[PDB]
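Below, each chain spelled out in residue letters.
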Amino acid sequence: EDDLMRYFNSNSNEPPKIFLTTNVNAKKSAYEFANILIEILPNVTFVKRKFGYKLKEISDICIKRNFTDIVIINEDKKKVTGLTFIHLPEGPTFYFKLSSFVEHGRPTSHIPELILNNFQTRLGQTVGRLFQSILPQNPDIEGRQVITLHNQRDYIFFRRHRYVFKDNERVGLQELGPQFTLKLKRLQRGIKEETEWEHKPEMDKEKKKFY
Amino acid sequence: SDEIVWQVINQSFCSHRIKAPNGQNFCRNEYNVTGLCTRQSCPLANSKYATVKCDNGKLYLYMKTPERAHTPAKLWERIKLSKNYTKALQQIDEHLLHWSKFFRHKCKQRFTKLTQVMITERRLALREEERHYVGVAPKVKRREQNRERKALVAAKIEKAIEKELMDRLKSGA
Amino acid sequence: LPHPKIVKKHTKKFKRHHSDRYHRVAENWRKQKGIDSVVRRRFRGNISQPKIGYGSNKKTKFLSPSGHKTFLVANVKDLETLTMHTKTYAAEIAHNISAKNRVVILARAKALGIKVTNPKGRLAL
Amino acid sequence: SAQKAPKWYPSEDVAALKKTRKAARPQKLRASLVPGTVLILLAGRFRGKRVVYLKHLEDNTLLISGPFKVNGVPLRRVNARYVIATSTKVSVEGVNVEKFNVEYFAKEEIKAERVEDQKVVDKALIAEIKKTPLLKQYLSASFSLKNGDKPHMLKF
Amino acid sequence: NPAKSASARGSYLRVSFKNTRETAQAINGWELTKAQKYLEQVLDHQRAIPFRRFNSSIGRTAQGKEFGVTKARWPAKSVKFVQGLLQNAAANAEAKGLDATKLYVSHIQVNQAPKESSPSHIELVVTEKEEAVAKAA
RNA sequence: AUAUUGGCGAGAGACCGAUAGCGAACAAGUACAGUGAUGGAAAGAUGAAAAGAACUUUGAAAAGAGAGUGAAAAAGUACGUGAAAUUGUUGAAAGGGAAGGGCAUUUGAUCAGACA
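Protein chains in written order, with PDB author numbering: chain x, 78 to 180, 187 to 294; chain 3, 2 to 174; chain e, 4 to 128; chain E, 2 to 109, 129 to 176; chain P, 10 to 124, 140 to 161.
Careful: at least some of the hints might be erroneous.
[Stated by the list, open to error] Computed cross-link-like contacts, DSS-like style, restricted to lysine-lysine with a CA-CA straight-line distance of at most 25 angstroms: (1) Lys266 (chain x) <-> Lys291 (chain x); (2) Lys81 (chain 3) <-> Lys155 (chain x); (3) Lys249 (chain x) <-> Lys283 (chain x); (4) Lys62 (chain e) <-> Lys20 (chain 3); (5) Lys140 (chain 3) <-> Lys288 (chain x).
[Said to hold, decoys possible] So the derived label-pair ranges between C-beta atoms look like this: (6) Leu4 (chain e) <-> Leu165 (chain E): 48 to 54 angstroms; (7) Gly129 (chain x) <-> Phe103 (chain 3): 40 to 46 angstroms; (8) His282 (chain x) <-> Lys113 (chain e): 24 to 30 angstroms; (9) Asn99 (chain e) <-> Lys142 (chain 3): 15 to 21 angstroms; (10) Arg44 (chain e) <-> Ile5 (chain 3): 50 to 56 angstroms; (11) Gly45 (chain E) <-> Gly129 (chain x): 35 to 41 angstroms; (12) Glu4 (chain 3) <-> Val28 (chain e): 49 to 55 angstroms; (13) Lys29 (chain E) <-> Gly129 (chain x): 47 to 53 angstroms; (14) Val28 (chain e) <-> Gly77 (chain P): 38 to 44 angstroms; (15) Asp250 (chain x) <-> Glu155 (chain P): 14 to 20 angstroms; (16) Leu165 (chain E) <-> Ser115 (chain P): 56 to 62 angstroms; (17) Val28 (chain e) <-> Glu155 (chain P): 52 to 58 angstroms; (18) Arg44 (chain e) <-> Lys155 (chain x): 47 to 53 angstroms; (19) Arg45 (chain e) <-> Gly77 (chain P): 48 to 54 angstroms.
Hints are computed from structural coordinates only; laboratory data are not their basis.
All C-beta atoms, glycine included, are put in the ideal place defined by N, C-alpha and C.
Can you build the whole structure from these sequences, using the hints too?
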């Protein structure tokens, strides 16, 4: 539980270095997408991935270079489609699906504050755990930037905003940063060897549950 | 005979032809050398017919003798073709002694391509690919469209943040 | 396979006369049968007609830009016909083939080295 | 089927090329290109530059130097047609240009050997440029076309 | 954003279509409080609706100078249907829990209905006008 | 033995597939028109199962927005699929007494492979 918090996920002890790579032979939109993750994630290095070094051979490099997490974005066609967060030692790994990206905010260099919604389910709070870990644990209050991760279904929406406080019990906020929708898949448990959940269409049949 | 077999399948049906838009004709009778079909390049019209095939990794060269026109059960006599390329082309040559120069270099040619089909192993040793083709069934395409549009409506993200900023900064005053 | 450079002679579509004027007249070509038509008597400034002079080069006829003749394929047994003719013909997976079977045909065509003209057909992730 | 297979098939056997009677002959350059001539380049990195002409190469190029000490043009290969050849000539006989060839320029920061070879050539060439007045100033400056210049009339 | 929106719709409404088109586009892109006040003024002949497309034999008036049009009319019945919908959309917004003051009609659309009669469908979608922003060095 | 476009009752089709096939697949010889003899239409399909939308809110109400049912309301009795004419909205572009068309290109939009 508390032992888990540290052993599988990154805590407020180090700066977490995130090895941002891309699926082989990707085009403009993937790097355009990498430029949006270059801002939001704490200490990203972009690695141009040049054919070979299967997966374990990568892990050997990021042990030596001493990274914490791997993130890989993929493209079937000209649109971005899938996002894969892996933790480098042990390997709790989360796969995701993007069906929304639309682009007037233009943010500062100040580091954004986190907020999460509706993770009653234990599988939900293990994903909430990932985004608590992978995003910065700095929040500088001033600069007034908020990153959300709302999950009212099995769909998770992340957005950025600017909050203005008036003393009459109300707060205003403007749209900023990338529009986004994610879907959880897999939880491969080993680096890529094992599964814990792996979405099927055998769900959607229930119309409920919500993991 | 065989001229009568040819004319009756040239027109009047060879019921395994593919008419390509190029006007080309392809016999899919598994035992032909050229995938295309023409006179004595398709294995029914011709009576003497050689071919290279593969059943496993073992590349055999099948051979059809006019002796066996009576019995279709044992038509194609077959011989294994070692595995090294140089001795195999030499192995080929001896079988094709005193035949048409058609089957001479064309079985040599079948063997060539089918050996460089064993570039499959090259693709399958250095596989380790993190992609794999996924179908997009149009039912799922709407279970994951019309439920996201129903999610956002019931989500009320603004009100959720408006709550959990006031509820935060009252307790963190 | 070594081919000449492709010269098309007429890149444009031979649209029917007054197909753009009226909606009931289809864009599909028909010859103006009437004796007093200025199209039939091929006047200056009137639409060009299909005639045999526009015939494509025989060595580069039916060829896609890559110098390949397109060949429709439904399944593995029909794809296996183009084993010997890899640099002449290229596979075209038929429109009605399911997403389950397209992955079978694409993997098999990769193995034999036969070129598929239409990948990404029903290959959504 | 779905396209019944054709009766005739075109042959798979690749045809051997017919014997070509096209024998390569060495390039006959124009008379204005004599080894040791002040050139003006037209296209490339060094457009509008005055340049010393040194050697005719094997791949129909021409080997030329600035010198690099004067105008910033090193030992370059150049095309014959991309070049203006003026009448002014410097002596070239004292330069050891004979060493390098086509194989010297194979590409597949800057190599030190290239800088050393440059300085060896450039010393033996300034040895001649220093003689005639203002020629070093003429090499340093860039060629252009002023308003009213007719290249068909400008006897270069 | 569907979260920042409310929408009313009237269907198979026995109104003149050609009048409804004009009074719909007259009110398009306006703040809700200004919009409802405007239609009250049209009812009392204070302001007139600018007629632009379906505008034959309309009496020329001075009140059209606001919109840069010579022709203008006071169509009581058509406006009556529209302010009924706007009152409905206002209550639809307060059902969801939107702000009333920052509300404006974004998409108002009117098209013909099955028929002789000449009935018409109307739909209008009201939206928040979101500003509320700050920065830090 | 032969005839048999009626009646009673079967069996069939290289026939038609809702502007076809009988006039009529259906409240069809019906609605209706004609003083009357007569003339005589149009009109098929929710879904596997009504599970035909409980409840909340807005409105005088029809209805609207939520919510729910269903595999799918992109199936809600105006219900299979839903073309074009014609219209609305949104985005781009053009427009000094016509427009659409051809040859060629700029510009803007958009797209195909090859680099497996």
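Okay, the hints, checked on the actual structure:
1. Note on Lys266 (chain x) and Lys291 (chain x): the hinted pairing holds, with a Cα-Cα distance of about 16 angstroms set against a maximum of 25 angstroms.
2. For the hint linking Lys81 (chain 3) to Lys155 (chain x), the alpha-carbon distance of about 48 angstroms lies beyond 25 angstroms, and the restraint is violated.
3. Annotation: proposed proximity of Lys249 (chain x) to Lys283 (chain x) is violated, straight-line Cα distance about 46 angstroms (limit 25 angstroms).
4. Our distance criterion of 25 angstroms between C-alpha atoms is met by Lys62 (chain e) and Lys20 (chain 3), whose separation comes to about 19 angstroms.
5. This hinted pair checks out: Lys140 (chain 3) and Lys288 (chain x) have alpha carbons roughly 11 angstroms apart, not beyond 25 angstroms.
6. Between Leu4 (chain e) and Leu165 (chain E), the C-beta spacing of about 50 angstroms keeps the proposed range 48 to 54 angstroms intact.
7. Restraint check, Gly129 (chain x) to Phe103 (chain 3): a C-beta distance of roughly 44 angstroms satisfies the suggested window 40 to 46 angstroms.
8. The supplied range of 24 to 30 angstroms is met by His282 (chain x) and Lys113 (chain e), whose beta-carbon atoms lie about 28 angstroms from each other.
9. Separated by about 18 angstroms at the C-beta atoms, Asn99 (chain e) and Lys142 (chain 3) satisfy the suggested range of 15 to 21 angstroms.
10. A hinted range of 50 to 56 angstroms holds for the C-beta pair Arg44 (chain e) and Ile5 (chain 3), which are about 54 angstroms apart.
11. The supplied range of 35 to 41 angstroms is met by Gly45 (chain E) and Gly129 (chain x), whose beta-carbon atoms lie about 38 angstroms from each other.
12. Between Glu4 (chain 3) and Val28 (chain e) the Cβ separation comes to about 53 angstroms, which falls inside the hinted range of 49 to 55 angstroms.
13. The hint said 47 to 53 angstroms for the Cβ distance between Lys29 (chain E) and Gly129 (chain x), and at roughly 51 angstroms that hint holds.
14. Between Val28 (chain e) and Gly77 (chain P) the beta carbons are some 42 angstroms apart, a value that agrees with the proposed interval 38 to 44 angstroms.
15. Between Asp250 (chain x) and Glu155 (chain P) the beta carbons are some 18 angstroms apart, a value that agrees with the proposed interval 14 to 20 angstroms.
16. Taking 56 to 62 angstroms as the suggested C-beta distance range, the pair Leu165 (chain E) and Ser115 (chain P) conforms, at roughly 60 angstroms.
17. Restraint check, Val28 (chain e) to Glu155 (chain P): a C-beta distance of roughly 55 angstroms satisfies the suggested window 52 to 58 angstroms.
18. Between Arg44 (chain e) and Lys155 (chain x) the C-beta distance comes to about 49 angstroms, which sits within the given range of 47 to 53 angstroms.
19. Range check, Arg45 (chain e) to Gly77 (chain P): about 52 angstroms between beta-carbon atoms, so the 48 to 54 angstroms window is met.
When held up to the earlier numbered hints, the structure conflicts with 2 and 3 and fits the remainder.
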